[PDB]
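Participant: Using the sequences and the hints given, assemble the complete structure.
Here are the chains, one letter per residue:
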Amino acid sequence: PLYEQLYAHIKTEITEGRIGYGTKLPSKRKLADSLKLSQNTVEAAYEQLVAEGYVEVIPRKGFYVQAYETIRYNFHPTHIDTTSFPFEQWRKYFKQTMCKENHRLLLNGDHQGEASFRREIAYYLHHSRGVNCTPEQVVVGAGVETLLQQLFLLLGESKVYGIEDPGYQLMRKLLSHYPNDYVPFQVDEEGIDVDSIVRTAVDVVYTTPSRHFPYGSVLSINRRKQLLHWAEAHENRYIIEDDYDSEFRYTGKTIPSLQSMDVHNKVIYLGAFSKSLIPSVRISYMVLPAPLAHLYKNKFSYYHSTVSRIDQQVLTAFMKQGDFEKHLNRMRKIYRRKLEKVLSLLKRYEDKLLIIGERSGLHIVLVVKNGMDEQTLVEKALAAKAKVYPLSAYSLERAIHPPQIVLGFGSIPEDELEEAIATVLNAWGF
Amino acid sequence: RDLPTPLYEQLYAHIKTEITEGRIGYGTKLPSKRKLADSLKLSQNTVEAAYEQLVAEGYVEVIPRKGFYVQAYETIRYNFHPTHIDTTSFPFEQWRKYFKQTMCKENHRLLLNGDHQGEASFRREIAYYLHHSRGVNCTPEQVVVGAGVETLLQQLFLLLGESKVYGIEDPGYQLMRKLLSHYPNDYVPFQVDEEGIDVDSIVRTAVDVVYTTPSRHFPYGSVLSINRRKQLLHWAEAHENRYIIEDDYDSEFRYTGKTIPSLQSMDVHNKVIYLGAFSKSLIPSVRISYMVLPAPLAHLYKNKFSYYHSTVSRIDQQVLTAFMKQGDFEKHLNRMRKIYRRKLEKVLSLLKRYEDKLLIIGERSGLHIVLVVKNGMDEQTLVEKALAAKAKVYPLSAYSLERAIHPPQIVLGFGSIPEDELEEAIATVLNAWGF
DNA sequence: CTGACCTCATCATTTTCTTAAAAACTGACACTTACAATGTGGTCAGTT
DNA sequence: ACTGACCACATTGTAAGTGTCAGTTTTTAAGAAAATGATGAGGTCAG
Numbered sequence: 015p016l017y018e019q020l021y022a023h024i025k026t027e028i029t030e031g032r033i034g035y036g037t038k039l040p041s042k043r044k045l046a047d048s049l050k051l052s053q054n055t056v057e058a059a060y061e062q063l064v065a066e067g068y069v070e071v072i073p074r075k076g077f078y079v080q081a082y083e104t105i106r107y108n109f110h111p112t113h114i115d116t117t118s119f120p121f122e123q124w125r126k127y128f129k130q131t132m133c134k135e136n137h138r139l140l141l142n143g144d145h146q147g148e149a150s151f152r153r154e155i156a157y158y159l160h161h162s163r164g165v166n167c168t169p170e171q172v173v174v175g176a177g178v179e180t181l182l183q184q185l186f187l188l189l190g191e192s193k194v195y196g197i198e199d200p201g202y203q204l205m206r207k208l209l210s211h212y213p214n215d216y217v218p219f220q221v222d223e224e225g226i227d228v229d230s231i232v233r234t235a236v237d238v239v240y241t242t243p244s245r246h247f248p249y250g251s252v253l254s255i256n257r258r259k260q261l262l263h264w265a266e267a268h269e270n271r272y273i274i275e276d277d278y279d280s281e282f283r284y285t286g287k288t289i290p291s292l293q294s295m296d297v298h299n300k301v302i303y304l305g306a307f308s309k310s311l312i313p314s315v316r317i318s319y320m321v322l323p324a325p326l327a328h329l330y331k332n333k334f335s336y337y338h339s340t341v342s343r344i345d346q347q348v349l350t351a352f353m354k355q356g357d358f359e360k361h362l363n364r365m366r367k368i369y370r371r372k373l374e375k376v377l378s379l380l381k382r383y384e385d386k387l388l389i390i391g392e393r394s395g396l397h398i399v400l401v402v403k404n405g406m407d408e409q410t411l412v413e414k415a416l417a418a419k420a421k422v423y424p425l426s427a428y429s430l431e432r433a434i435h436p437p438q439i440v441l442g443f444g445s446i447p448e449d450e451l452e453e454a455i456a457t458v459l460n461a462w463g464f
Numbered sequence: 010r011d012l013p014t015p016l017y018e019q020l021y022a023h024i025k026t027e028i029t030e031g032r033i034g035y036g037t038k039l040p041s042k043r044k045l046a047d048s049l050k051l052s053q054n055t056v057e058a059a060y061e062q063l064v065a066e067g068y069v070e071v072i073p074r075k076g077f078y079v080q081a082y083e104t105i106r107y108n109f110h111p112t113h114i115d116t117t118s119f120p121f122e123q124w125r126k127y128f129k130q131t132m133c134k135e136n137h138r139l140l141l142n143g144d145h146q147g148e149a150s151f152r153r154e155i156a157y158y159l160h161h162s163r164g165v166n167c168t169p170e171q172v173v174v175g176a177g178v179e180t181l182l183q184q185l186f187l188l189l190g191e192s193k194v195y196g197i198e199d200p201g202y203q204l205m206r207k208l209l210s211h212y213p214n215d216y217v218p219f220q221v222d223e224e225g226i227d228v229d230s231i232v233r234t235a236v237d238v239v240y241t242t243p244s245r246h247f248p249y250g251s252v253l254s255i256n257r258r259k260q261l262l263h264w265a266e267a268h269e270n271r272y273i274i275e276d277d278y279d280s281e282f283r284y285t286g287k288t289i290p291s292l293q294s295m296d297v298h299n300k301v302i303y304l305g306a307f308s309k310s311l312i313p314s315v316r317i318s319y320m321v322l323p324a325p326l327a328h329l330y331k332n333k334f335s336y337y338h339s340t341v342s343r344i345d346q347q348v349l350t351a352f353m354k355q356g357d358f359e360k361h362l363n364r365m366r367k368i369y370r371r372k373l374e375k376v377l378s379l380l381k382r383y384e385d386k387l388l389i390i391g392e393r394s395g396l397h398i399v400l401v402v403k404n405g406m407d408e409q410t411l412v413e414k415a416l417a418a419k420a421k422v423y424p425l426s427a428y429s430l431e432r433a434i435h436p437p438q439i440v441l442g443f444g445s446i447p448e449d450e451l452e453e454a455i456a457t458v459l460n461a462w463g464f
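Sequences listed follow chains A and B, in order. Just so you know, the first sequence maps onto residues 15 to 83, 104 to 464 in the authors' numbering. Just so you know, the second sequence maps onto residues 10 to 83, 104 to 464 in the authors' numbering.
Straight-line distance between alpha carbons at most 20 Å, and here's what the computed EDC-like set of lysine to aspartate or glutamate pairs gives:
1. B:287 <-> A:61
2. A:381 <-> A:449
3. B:259 <-> A:30
4. A:287 <-> B:57
5. B:207 <-> A:191
6. B:259 <-> A:66
7. A:372 <-> A:392
8. B:367 <-> B:450
9. A:134 <-> B:115
10. B:129 <-> A:122
11. A:38 <-> A:70
12. B:259 <-> A:70
13. A:331 <-> A:144
14. A:126 <-> B:122
15. B:126 <-> A:135
16. B:259 <-> A:83
17. B:25 <-> A:296
18. A:259 <-> B:27
19. A:259 <-> B:83
20. B:331 <-> B:148
For the chain B half of the interface with chain A, some residues (derived, Cβ under 8 Å), not all of them:
21. 129
22. 259
23. 312
24. 342
Short derived list, chain B residues pointing at chain A, Cβ under 8 Å:
25. 62
26. 68
27. 128
28. 132
29. 138
30. 179
31. 211
32. 252
33. 255
34. 286
35. 287
36. 313
37. 316
38. 336
No lab work stands behind these hints: they were computed from the structure. No residue lacks a Cβ here, since even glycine has one placed at the ideal position from N, Cα and C.
Facilitator: Now the structure itself:
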């Protein structure tokens, strides 16, 4: 349109430099007559010119020029089963929670989180895992990484962190960028080496009391009490609790969280919420002791929330009624059936493939007694359009001589387990 | 036996309390299965299950073909934010259709996460929209996504280093100083005239990265001329380890004179990084954002943070991709622009009558206006009187480190006030004041 | 030999799951009004 | 005489609105089947 055509035509002229600074623009009220355009279009074009500072106008009209110069299957514990997700149950609550009548939920607020969401999480934790909490005690954010970065900023750059050697490669990745340094630790079949911790001047150590990734070892009560006494020995040491994959134990009901024994408020409860409902929904949560929570509130008062308020409201409406328990039970049953079927199928190769670990969880890890190296196993698996993930990446120490490979089955359909196992074993040469 | 918890639980609790109180010592022999089952008239299965759970917990240890052994030794009416958007005008009925379209039973294999840099789609449509609406020239793979501006700025801070010195605008939007208060880096305060940032103070100082808004200046609304933009670009080009960050506040809400092209459009030496937002246009509570980086910084970010995961859910990403794929975003933006223009004209016409004691500083474009109060009363008195009428207001003192003008000037917002309540709110706040 | 490891049988209560009809929803097509964009024309007050 | 901005009413094409409709969908008191905790009676193997 001429509204912008004239503006561009004069902009290219002022840019190329046929007119210098101080020269008047060709005319006013005369260029419209000479170019047979109306005066309004010229006025609008000149207003556009002076808006961006290409030409500046004296309050009495003068014009001053300015410019002058392909995998069939995959196996790993991250995936969860997606077919059995009740979409028709999520959609109902979504349509119930977001309506034109219920406005003013489109604007941000409650930097920590929605009060109802926090209260319901506290109630659920207290009545399920035996974790004493307070509605204002718990904080909620998107992703565990953000919460751990907030923790790192809150504690400082003058601390050393304890990480078990075979475990989840997350704290190492976070501490690589930060100035802090970590100390490796070995683990036996009963838990972490509490003796090594107590004979060392570590400050904060990271562990999963409920289930040990990936071996599934469960800490006994004597080691737990010894660790609490070690934390009580000093005044400025803290223990972080990781709620990786609880509520998924079949035979032996559920084991209470370590915080239940925390009489002297010295445990912070890290958790997770995206390894149950949706892997890509990005909600996590964390509980802190009263003094540390108070200091965090008094220190991080400016940051806004990280997870959308719509998701908070729809999910607290979803699991306020009680569908969370039903979905959890159905997932537990189907995963138990999958585990039993996989174990029964793989039991016949007991002489060469020995299963090690415990039933509870979403994955199993098996040692291969064949003479091929772990690289050969991975290459042959990926050559059959079914890639597998070795355990060597989960520990930074020297490679274990028997090639130990982790296997997951969350993503594999129930009817394709036999075919996947058969083709994997055929690729391995059995 | 009458409790809802089966004997599978009462027996375990009883042995729990017996062990904890110390009635059974270390290594003491348990009565095994048959003896206890006969003594307590309970089936072998429940007793063996309770003992197996006990062994799993670790209180006692079982050895094959022999008995157990213990191993346990001991009110506001009209809120005034220059940050809200109008809520009633939001087309919820259009959001619902896309949400029901994207999340269905057949739409499996999407709950699992992935593509930490964002799905190729959302990136490609956001790049297309940026190129065709703001003159931003960038390949789709360069843009990144995140939950809000805070996470992106923290990632940029970690990627750059702890030695750089950051430059901010005049006393104003208090974000970068709040972020840098927790980091070893330091900020250099600056001053701006009624046109923009003073490039002379930039070139007489050795600052490395300076934060500015080349489109609209918070809160004065000043727009940088081409000469100052070219001078800043030349200063950035002068050295080899200095960068300029661009933050477009409301660059798509210019009423009369179309849209002002972005500063990145004039960049040729790959020296600017774009910082946009999706929380001041569509919904201020979904927490979406984006950032554009040049090729070397893109490679550095890809090779440095390759082992992260996006903080934005794929449901929202896909529904936004569907929303902006068919063009409803432009229609919604036009509707919001028109309603905000009408609101601004109405409020300006209403406030024109009281002009002797009050003045308007900001320009037409934007969502807020700043006005001075020449009445003989201090800023705290204005704030307290406003709050006493159940409608509190926000002064510029919080935005100002120093004291600029002795007559207090207050920022007023109208994004979250209905058209039928503007006159009533203005009348009641004026009555609360001396007028 | 008594003693402790196990794996079938089939009983039971109470949650989960499935199909029927009757209910409300909303989609595409259509059309009737409206509406604010650019745009031409004719002014307006005030400088110097 | 040279030049500020402020009406008039003309235009094309996007946005807004009501209509009935076929259509995918929501809701429900039945129905039946699954699973656990539970009793009973075995199985091998040590020492």
